[PDB]
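One chain comes next, on its own, written out as structure tokens in the form deposited without this ligand.
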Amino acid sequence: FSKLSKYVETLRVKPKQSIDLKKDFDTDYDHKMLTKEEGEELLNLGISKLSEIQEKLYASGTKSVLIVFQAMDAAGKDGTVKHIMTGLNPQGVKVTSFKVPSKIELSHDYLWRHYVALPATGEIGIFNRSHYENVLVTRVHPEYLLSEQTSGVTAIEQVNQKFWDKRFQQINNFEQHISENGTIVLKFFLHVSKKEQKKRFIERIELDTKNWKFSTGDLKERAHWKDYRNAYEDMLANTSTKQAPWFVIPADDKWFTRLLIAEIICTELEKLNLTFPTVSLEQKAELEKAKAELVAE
């Protein structure tokens, strides 16, 4: 983990930095410290450690954790969320996968459904797709804004850079408020290359046990790749803060993606210095006494 820990620091997006995904963030790390087999063992320790942290977090009831995932189709997002959940307790973890908004949801501001779904003290909430969709798919297809009664947009011509700027400000305000009121916010962008996306799409199409699930509408979003990259770059450049950071994770090799994310969550949550509750003398005496009754039956 020694070398890996330094590399992980590079994946965080600093507040003042500017973003060029093609040029400066590699979708696949060439100087991988370790073998895939070593990586799998490390990931296994990470999930176990993350599990212990979750238990301490549930037992204290002082903070909540919100973890966000955004990615292009076939970046491994869903599978990564899956792998994390299998390791955790279901009692203090909730996954919400946001999809196209319902009628009721469209009658409220775009943040309302996310605010409603936030994690309570002691629990971890995972957003497999978040409020950031409102500056991503909605920026590429501004026509969706016409179905939002609260957006204030009657024609696509009305939307300019100032509108996305205002949303970035709204989002930053929402995340700063929850950060100041107990929530730890960690955001991950899984960054997959165009080439690798293509290779995964073809693999899915070819497998008779995956292709029932393949949706050809994913191809439409692939054709808007440059539009999405611009949406992603502008968002990362304005919504990553020290309090609520974005991490860009290379997604071309899945085992390495998962390892990176687990390492980063552990490291960030380790700053809370969580411990298990201790047993006091009064509590110790009650336990001994309870044990004495069981023996005397």
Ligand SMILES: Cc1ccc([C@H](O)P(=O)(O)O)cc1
Given for the second form:
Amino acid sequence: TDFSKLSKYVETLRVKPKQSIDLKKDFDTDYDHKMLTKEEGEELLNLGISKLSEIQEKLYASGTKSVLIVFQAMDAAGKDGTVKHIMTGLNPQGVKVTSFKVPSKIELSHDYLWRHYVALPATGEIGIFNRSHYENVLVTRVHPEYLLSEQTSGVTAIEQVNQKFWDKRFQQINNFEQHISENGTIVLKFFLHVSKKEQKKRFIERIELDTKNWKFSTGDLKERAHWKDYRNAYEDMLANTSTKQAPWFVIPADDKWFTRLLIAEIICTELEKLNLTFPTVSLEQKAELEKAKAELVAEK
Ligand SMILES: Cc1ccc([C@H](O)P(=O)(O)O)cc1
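Please supply the coordinates for the form deposited with this ligand bound, as a counterpart to the form deposited without this ligand shown previously.
Next comes the full complex, this chain leading.
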């Protein structure tokens, strides 16, 4: 069956704890062996959205678990659109998107994790981090001079930023995700992997669209110029912060419809392990319902 092939491919996208990461050689940004048509996919995507809505409903009705979903990617990989599409099928009462832009003055007066801890999802809720605490081992690692401006970093000279500084930050991130995992939070992390070539194409496509080129950030080019620096940061990060408890998935991003299918797919598959069920109606409650129905019928 097609889905059976998909479940098999999906597992190759999970980053294993001991796994070493080369984003250049491995992790195709576009899956050629695509096992279903773009049509099939948009229909399996619809099912994934409906199922996720069902899961979210059952999650909200129970008071047990929260769900944290992290999205990281290079500009133009499809992150905002994946978030928007995940959302279309969710109830806004039980889901919350936080887009972590550049930190505020207050947030800079706290450790780099503080503002993400503040924004964690409550029991029964889904939290989506569009950008996340991982920015602090990515953009900060490509631009290590930012750490000098961060009062809590304890970094005075760029000389002291080395692999051991990042190792300690991975440890801090891992202890943080482990703690919340041990206290009811399901953590799922997606890196949307777009090719340097496809980013180029999408950048140019936007520049040439009058309806949308007002949105183009030419500063995105400065980060594109640091492509190799970012791949290294992502590689070292994926190799050191994917656990079985809080796994990373590397999603091919060059085909948006397929990116969305996979992420919807993985979220459903992972949250189905919770074996969530709608609340059942006891005999006492069934009696109360029939009493209420009787009164409504017995109205003058
Ligand atoms: C060219 C271009 C398209 C879409 C976007 C979105 O903001 P994302 O795919 O980075 O979330 C950014 C740049």
